[PDB]
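Trainee: Letter by letter, the chains look like this.
Protein chains: 2
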Amino acid sequence: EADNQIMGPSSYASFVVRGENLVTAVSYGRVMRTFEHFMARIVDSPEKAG
Amino acid sequence: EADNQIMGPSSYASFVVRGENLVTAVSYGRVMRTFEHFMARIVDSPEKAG
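Residue numbers (the authors' numbering), protein chains in the order written: chain U, 297 to 346; chain F, 297 to 346.
Same shape as in the complex, but just chain U:
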């Protein structure tokens, strides 16, 4: 065998419906994942290419 062990993530990641996502939930029923990424993509410099 090449390696005996592998390094892995110790804990789960956290998806919590925070404040800015919750307003979409109660109103439209469509919460989204990583809303702050959407704000940074189409509000804070949308002309910056991905």
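Since the hints were made in silico from the structure, they are not lab data. Nothing false has been slipped in among the hints.
Selected chain F positions facing chain U (in silico; Cβ < 8 angstroms): (1) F334; (2) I338; (3) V339.
Sample of chain U residues facing chain F (criterion: CB under 7 angstroms; computed from the structure): (4) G315; (5) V319; (6) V322; (7) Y324; (8) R326; (9) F334; (10) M335; (11) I338; (12) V339.
Quick reminder that beta carbons are idealized off the backbone N, C-alpha and C, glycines included.
Go by the hints and put chain F onto chain U.
Mentor: Leaving out everything else, chain F in the frame of chain U:
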């Protein structure tokens, strides 16, 4: 005539789609008027009865 004139507003109001309103407009295709009110009701202190 009790009045010759009435005092009123001078300009129209401005309903401009700001940033998080653009985000929900782009993603879910629905804008809510005064998003800061929805954020100050459903997120910041919902225990205060309207």
